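Let the hints inform the model, and build the full structure from the sequences given.
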Amino acid sequence: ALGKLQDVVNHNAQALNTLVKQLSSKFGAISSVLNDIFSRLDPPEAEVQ
Amino acid sequence: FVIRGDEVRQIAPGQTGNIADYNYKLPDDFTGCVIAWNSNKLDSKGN
Numbered sequence: 941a942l943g944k945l946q947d948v949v950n951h952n953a954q955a956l957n958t959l960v961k962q963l964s965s966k967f968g969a970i971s972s973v974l975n976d977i978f979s980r981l982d983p984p985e986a987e988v989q
Numbered sequence: 397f398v399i400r401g402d403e404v405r406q407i408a409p410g411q412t413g414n415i416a417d418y419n420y421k422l423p424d425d426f427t428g429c430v431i432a433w434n435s436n437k438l439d440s441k444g445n
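Just so you know, the protein sequences line up as chains B and A, in that order. Using the deposited numbering, the first residue of the first sequence is number 941, and each one after it goes up by one. Take the second sequence: its letters are residues 397 to 441, 444 to 445, numbered as in the deposited numbering.
Hints in this document: simulated from the structure, not taken from any laboratory. Hints are supplied without guarantee of correctness; some may be wrong.
Every beta carbon over 10 Å from chain A, so not counted as near; a handful from chain B, in silico [as the list claims (entries may be wrong)]:
no., residue
1, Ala-941
2, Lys-944
3, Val-948
4, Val-949
5, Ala-953
6, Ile-970
7, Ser-972
8, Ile-977
9, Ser-979
10, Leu-981
11, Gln-989
Chain B is nowhere near these chain A residues, computed Cβ spacing over 10 Å in every case [unchecked claim]:
no., residue
12, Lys-421
13, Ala-432
14, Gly-444
Restraint-style ranges between C-beta atoms, simulated for each label pair [said to hold, decoys possible]:
no., chain 1, residue 1, chain 2, residue 2, range
15, A, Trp-433, B, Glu-985, 28 to 34 Å
16, B, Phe-967, A, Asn-445, 56 to 62 Å
17, A, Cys-429, B, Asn-957, 18 to 24 Å
18, B, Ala-986, A, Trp-433, 34 to 40 Å
19, A, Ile-407, B, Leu-959, 25 to 31 Å
20, B, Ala-969, A, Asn-419, 31 to 37 Å
21, B, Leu-959, A, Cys-429, 43 to 49 Å
We treat Cβ as the ideally placed atom computed from N, Cα and C, and that holds for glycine.
What follows is the structure, encoded as structure tokens:
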């Protein structure tokens, strides 16, 4: 019957999982890796990327 | 300074080339503007 205590833990865990997984979102950019973008692209619009 | 002037897009900021690589660098972010006037005949004249 200890579902109330488990609900808080599950909610916090899924919120943290969503936050950590959000880093893989492209947001329409060329790539999700900053190093590759800086290496294979000049500053003029890498800045806006 | 007098340059050939055959690269109009290179003088403006945002492009660098071989002339920018060796003769005089033209960075992609230059605050200066492009000013020109009809004086090629006087300056130009083997030589």
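Structure-based check of all given hints:
no.	hint	result
1	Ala-941	holds (66 Å)
2	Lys-944	holds (58 Å)
3	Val-948	holds (51 Å)
4	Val-949	holds (51 Å)
5	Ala-953	holds (46 Å)
6	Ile-970	holds (18 Å)
7	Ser-972	holds (25 Å)
8	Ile-977	holds (16 Å)
9	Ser-979	holds (17 Å)
10	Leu-981	holds (12 Å)
11	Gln-989	holds (15 Å)
12	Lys-421	holds (14 Å)
13	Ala-432	holds (24 Å)
14	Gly-444	holds (39 Å)
15	A:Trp-433 <-> B:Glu-985: 28 to 34 Å	holds (33 Å)
16	B:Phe-967 <-> A:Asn-445: 56 to 62 Å	holds (57 Å)
17	A:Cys-429 <-> B:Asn-957: 18 to 24 Å	violated (52 Å)
18	B:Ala-986 <-> A:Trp-433: 34 to 40 Å	holds (36 Å)
19	A:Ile-407 <-> B:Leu-959: 25 to 31 Å	violated (47 Å)
20	B:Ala-969 <-> A:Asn-419: 31 to 37 Å	holds (36 Å)
21	B:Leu-959 <-> A:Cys-429: 43 to 49 Å	holds (47 Å)
Figure legend: structure checked against the earlier numbered hints; hints not met, in rising order: 17, 19.
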